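Chemist: Each chain is listed here by its residues.
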Amino acid sequence: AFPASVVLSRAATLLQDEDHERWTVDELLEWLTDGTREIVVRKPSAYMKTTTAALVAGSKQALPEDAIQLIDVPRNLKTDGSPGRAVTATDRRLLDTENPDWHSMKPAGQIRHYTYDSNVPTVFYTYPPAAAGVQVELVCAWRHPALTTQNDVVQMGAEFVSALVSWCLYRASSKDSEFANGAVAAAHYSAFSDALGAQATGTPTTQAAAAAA
Amino acid sequence: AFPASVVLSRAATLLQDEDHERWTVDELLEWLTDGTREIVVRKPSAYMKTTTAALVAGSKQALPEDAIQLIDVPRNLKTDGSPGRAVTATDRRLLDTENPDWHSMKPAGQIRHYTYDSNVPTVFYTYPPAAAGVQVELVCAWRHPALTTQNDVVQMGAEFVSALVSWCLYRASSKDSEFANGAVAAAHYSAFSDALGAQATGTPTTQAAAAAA
Amino acid sequence: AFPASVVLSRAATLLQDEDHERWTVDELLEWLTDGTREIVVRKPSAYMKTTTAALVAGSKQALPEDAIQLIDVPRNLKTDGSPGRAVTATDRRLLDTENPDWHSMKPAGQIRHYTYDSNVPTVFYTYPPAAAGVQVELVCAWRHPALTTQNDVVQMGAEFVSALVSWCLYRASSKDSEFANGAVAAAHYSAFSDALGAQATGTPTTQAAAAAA
Amino acid sequence: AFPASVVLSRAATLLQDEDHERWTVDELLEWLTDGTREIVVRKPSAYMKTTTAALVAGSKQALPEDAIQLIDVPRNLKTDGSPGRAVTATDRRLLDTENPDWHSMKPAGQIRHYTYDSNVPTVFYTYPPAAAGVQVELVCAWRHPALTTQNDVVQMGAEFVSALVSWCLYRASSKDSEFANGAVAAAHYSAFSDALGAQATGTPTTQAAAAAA
Amino acid sequence: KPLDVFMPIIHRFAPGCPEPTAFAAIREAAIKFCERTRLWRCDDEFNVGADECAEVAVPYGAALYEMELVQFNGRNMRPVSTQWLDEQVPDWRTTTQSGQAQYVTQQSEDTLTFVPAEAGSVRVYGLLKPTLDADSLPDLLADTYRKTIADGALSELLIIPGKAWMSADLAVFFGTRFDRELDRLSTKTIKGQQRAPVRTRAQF
Amino acid sequence: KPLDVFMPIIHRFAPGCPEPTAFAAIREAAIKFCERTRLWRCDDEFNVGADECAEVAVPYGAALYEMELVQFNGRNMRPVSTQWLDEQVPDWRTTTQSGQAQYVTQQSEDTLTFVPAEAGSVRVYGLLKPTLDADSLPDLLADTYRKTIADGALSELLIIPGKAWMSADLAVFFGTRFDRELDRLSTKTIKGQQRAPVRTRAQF
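Residue numbers (the entry's author numbering), protein chains in the order written: chain n, 2 to 214; chain 2, 2 to 214; chain j, 2 to 214; chain z, 2 to 214; chain m, 2 to 205; chain K, 2 to 205.
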C-alpha cells in the first residue's frame, strides 16, 4: 500500500537525478506502472483482491476488463450482505457432451459451478446460467491501473516496491545503452529477476510456470 | 484496452528520440502492430476474440480471414439472442470412413460437431452441414488489424505493453543508421523473448509449446 | 492477405533506403516472393490452399504444377456444386501386389482412394482410375507465384509479413557482406529462423520434420 | 519450371556484379546446373522424372543414362497407351538361388518383378526377362542436363531457388580474386545446407538419410 | 428428494465433478440399486376392457421394472409366460371370447394381457425403477440409502478417463463396496424392517 | 427413439467420437442385446398360397431375428428342421398336393415353408432385431435399457486403435459389464416384468 512518492525517491536516488531532469516524474511513474503490471504477471501472488462482480444473464460471462486472470471464485455472494453459497470449479467439456443445451437451462438464483480455461483469459462460464445480475466475489489477477501522480498510492506489497525499484532501474538505464552496450541495464534486469526468483513467500516464479493453482 | 499513444510514448522515451523525428510516428505504429501480431502468434492467449460468424451452407466452412487459428467453438448460437446448443470437436477421418457421403446429407438447423486440423488453419468442417447461414460462437486467436493513428486503441491486455515496447525497440534499433545500435537490438530481442517467457498467467511458451488445448 | 506494399514499406524502413535507390522495388519484390516460397516450404501451415482440379483419365495423376506437396484430399467433388463423396489415403504397394492390373480396371465416376508418396511429390495415384476429368478438391501446399508489382497482394497470413521482413533483411544484407563478415546477415537469418520456430500456431518447425500429417 | 534467368539475376544481385562482367553469365549458368545436380543428390525428391523406357531383351537392364538412381518402377506399360500391369521389387539373391537359369527363362511380354541394388546404380534386373523392348515407367532421380543459355528453363521446383542461389554464391565467392570473399563463401555453404535441411516438405535430409523408400 | 443431497459425497471423492455428470451417475447407480434391492413399491389402478394391451401408469420419474402381483376385480391373478399359454391354452391369440381372467402374460414392455379379455378394474402392485432422466429420487433412495448409491456413482465417475477424477484404485474399491452393500440389501424385500423370516415353499 | 439419448453416455466416456460411428456401434450393440435378451417382439399377418415361399414383413428399421411362434389361419404350427422333414416326410420337395398345414420349415433366411401348401392367412409372432442401419431404436432398448447398449457401444469405440479414445482397460471393463448385464437379462423372455416362474418340461 505504498505511495508512488517513495518509489520515485528511490529511483531518483539511484540515478543521480534527484530533481528529475533527465528522467521526469511522469516517465518514472510510467515505468513504475509498467513494472507493477509486469511483476503481477510474473508473480500473481503479489496483487490479489476479491472483487464483487455481478453476472449478466446467460452462461457466458466476462471477467472485469482490467484483470489478467481469475484464479479462484470461492464464494457466491447472496443478495446484500449475506455471504451465500460457495462455488467450485468444473470442466466445460463434460458439461457440453451431456445436456448439450446447458446454456438454455433455466437461470438460477445462485450459480453453483464455474468453468475457466487458461487459454481464454477473459471468458468464464457459470453453471447454472446466472440470472438478474447476481454478484460473486472473484479472485482475479487485477492489473494496476496507472500512476498519474507522485502521491498516488500503489496497492501492492511492500517488497515488490524494491522489485519495482530494480525494474525502473532497468527501464531507465536502457536509455543510455551506449555505455557498456547496455551491460548495466542487463545487470539491473538480472538483479530484478533474481529478486523475484528468491521470493520465498508468494507464488514461486523459479518453479514450473502456472504450476501453482 | 490501452491506446497506441502510450506505447509510442514509451518507444520515444527508450530510443533517445522523443520528437519522433528519426523514427516517424507511422514507423513506430507499424512496429506496434507487428508486435501485436507477433505476441498473438507467440502466446495465443494474448488476443482471443469470441466472434459470432455465419456459416456457409455445407460441411466445409472457412474461418474468418482475420483469425490466426480457432481454438474452441463453445456455443452454437440459436436464432436471435438464444445461446443454443454446444459443439464438441470430433475426428474428420472417421467422419469420412463411416457415412462417406456425409457432405451430401440433409443440412441441419444447428451444427452438432466441428473438425479442425492445425495443418490447415483456414478450413474447419462442421457436422452436420450448416443450413441457412446458422451462426456459431468462434473462439479464435484474432490478429490485431492495424494501427493507423497514434490515438488508435490496442485491444490486447495492458500487461503486454512491456513486450510491445521491447519488440518496437528491437525492430527500430535494427535500422541501418548511425542513430541505431545493433547489440542493443539483440539484447532487446532477448528481453522480449524473456518477457514473454515469464508470463505465468497466459499460455506457457517456454516449457510447453502448442500443447495448450 | 496483405499486399506487397506493406512489406516493401517495412524493408524500406529497416534499411535506411526509403527511395529504394539501393534496393530497388523490383529486387525487393523478388526477395519477398523468394521468402514466401521458402516460408511455405518451412511451414506448410503458413499457406495452405484448397484447389479443385479435374483429374485426367487413368490411375496416374499429376497435381497442379505450382504446388510443393499435397497433404490431404478431403472431398471428391461431384458434378457441379454437389460436394460428393470423400477420399481416404491408402497404400499403393498393397494395391499393386493383388489385382496387379488395377490401372486397367474400369474407370469410376468418383474416385474412392488416393495414394501419395512424399518421395514423388508431383505424382499421386487414384483408386479407382478417374474417368472423364472428374474434379476433386486438393489440399496442396501452393507456391506463391511472384510479386511483380508493389500493389500485388500476398495472400499468406499476416505475421509471415514480419517473417518475410526478416528474410528480406537477410537477402538484402547479404549484399554488403563485408560488414562484420556478414554477421548482421547471419543475425537476421537467426531472427527469421527463431520467428518461424516459435510459431506456436501452425505446423511446428522445431519438432521432427514432416512429423505432422 | 522457373527459367535460369531469374536465378542468374539473383546471383548477379548477391555478388555486387549486376553487369556479369567478372562472374560471366556462362560461369553462373554452370554454377546453376551444378547446383541442380547437387540439390537432386542431397534431396532426391527435388527432381524425380517418370520416364517410359524400352528394355533390352533379357534379365539384365540399365536405367536411362541421365538418371542418378531409380526409386520406383510403378507401372509396366502395356502396348500403346494402356497402363498395363504393375511391378513390385524383389530380392535378386533368392531369384538366383532358386531357378539358377532364370536368365535363360523364356522372355515375357510384360515383366513381373524388378530387382535394384543401391551399390550398383546403373544396373537393375527384371523378372521375367523382357521381350521385344517392352516399355516400362521408371521413377528415378533425374539429373538436370545443362544450362547452356540465360533463357534456359529449369525443370526443378521453384522452391529450391534459394538453395540454388546459395550454391551459386558459394561457388562464385570461392573464386581466387580480390572481388571474392571466403568467409562469406563458408557462410553461404552453411546457409545452403541449412536451407536444404529445413525442407519439411520433400525427402528429409537431417534426421533420416537414404532411408526413404 | 433432490440429487443435491447425493452431490456432496461425490464432490468429496470426485473433486468438482460436473453436476449433470454426477446426477447421471446417481440415476444409473440408483437404477441398479432398485434392480438389486427391489425396495421401491407403488400401487396403481386402471380400467381394462374389450381387448386392449393397456399400459401401466407410473410416476413421471419412475418406470415399472417388476410387478409383485396384479389384481383384477379383487382376484389374485397368476402370472405366467407366453409359451405356457402357447402350449397349455391354445388359440390364445386368435380367440376373442370374453371371460373371467385367470392368467397374465406381458407380451410388450409394459402392457399386460389377460388370457380372457373382460371389462373390469385392474390393480397392479409392482416395484418401480427410476427413469434414466429423473430430477428427484424417491425418499427411500435419498434419505436412508444415500451412501450405497453414492458408492456406485463414484465407481462410475472415477472410471471416467483422461480427467483429474480418474483413479482406478478408488473405482474398484467403491465398486466392490457397492456390490457388497447391494448384495446385503438383496433380502430386504422379504425380510423388510419388520424382520419377516424367509422360508422356502414346500410341495408335497 | 433416436440414438441421441444414447449419445450423452458415450460422449461422457468417449468425449469426441464422431456421431455416425457411434450410431453404428450402438446399433451393433443393440443387435447383440436383442440376440441375447430376445425381448423385442412384433406380429404380422399376411397371405400365403399356391406354393409361395413368402417372406416375413417387419418394421423397416428392424429385421426378424427369430420366430417365436407361427400360426396358419388359426392353427398353432410345429416348427421342424428341413432334415427332420426329409427323414419323417419323404417327397416334401417333389409333391404339390395341398392339405391342412402341419409343420413349418425355413429353407431361406426369412421365407417360411409349410409341408402342406395351401392358401390361408399366416400370423407370425417373432422376435425382432434392429438392423445395422436403423435411425431410431424402439422404446424398450432406449428408454429403459440404454445403459447396457451404451456399455456395448462404448466397448466397440474404446477398442478403436491409434486414437485418443483408445484404452484397453476401459474397453475390457465395459465389455465385462455388458456381458454381465446381458447375462442377467437373458431370462426376461420367460420371466418378463410379471415374475412368471421358469419350469422345466416333464416328459413321460
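Simulated from the structure, these hints should not be mistaken for lab results. Even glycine gets a Cβ: it sits at the ideal position worked out from N, Cα and C. Wrong hints could be hidden among the right ones.
[Said to hold, decoys possible] Which residues of chain n face chain m? A few of them, derived with a C-beta cut under 10 Å, are:
id: 1; residue: 92
id: 2; residue: 100
id: 3; residue: 124
id: 4; residue: 128
id: 5; residue: 176
id: 6; residue: 179
id: 7; residue: 180
Chemist: Does the closest beta carbon of chain m sit nearer than 10 Å to the beta carbon of residue 176 (chain n)?
Modeler: 48 Å, violated
Chemist: Was the hint right that residue 100 (chain n) lines chain m, CB cutoff 10 Å?
Modeler: Given a least distance of 5 Å, the restraint on residue 100 (chain n) holds.
Chemist: For the hint on residue 128 (chain n), just tell me whether its beta-carbon gets within less than 10 Å of chain m.
Modeler: 7 Å, holds
Chemist: Per the CB criterion, is residue 180 (chain n) less than 10 Å away from chain m?
Modeler: 53 Å, violated
Chemist: Would you check whether residue 92 (chain n) satisfies its interface hint, that is, whether its CB is within less than 10 Å of any CB in chain m?
Modeler: Nearest chain m Cβ about 6 Å off; hint holds.
Chemist: Using the nearest Cβ pair, does residue 124 (chain n) come within less than 10 Å of chain m?
Modeler: For residue 124 (chain n), the interface hint is violated, since the closest Cβ of chain m sits about 18 Å away, which is over 10 Å.
Chemist: Using the nearest Cβ pair, does residue 179 (chain n) come within less than 10 Å of chain m?
Modeler: With a minimum Cβ separation of about 54 Å from chain m (threshold 10 Å), the hint on residue 179 (chain n) is violated.
Consistency note: the structure conflicts with the earlier hints numbered 3, 5, 6, 7.
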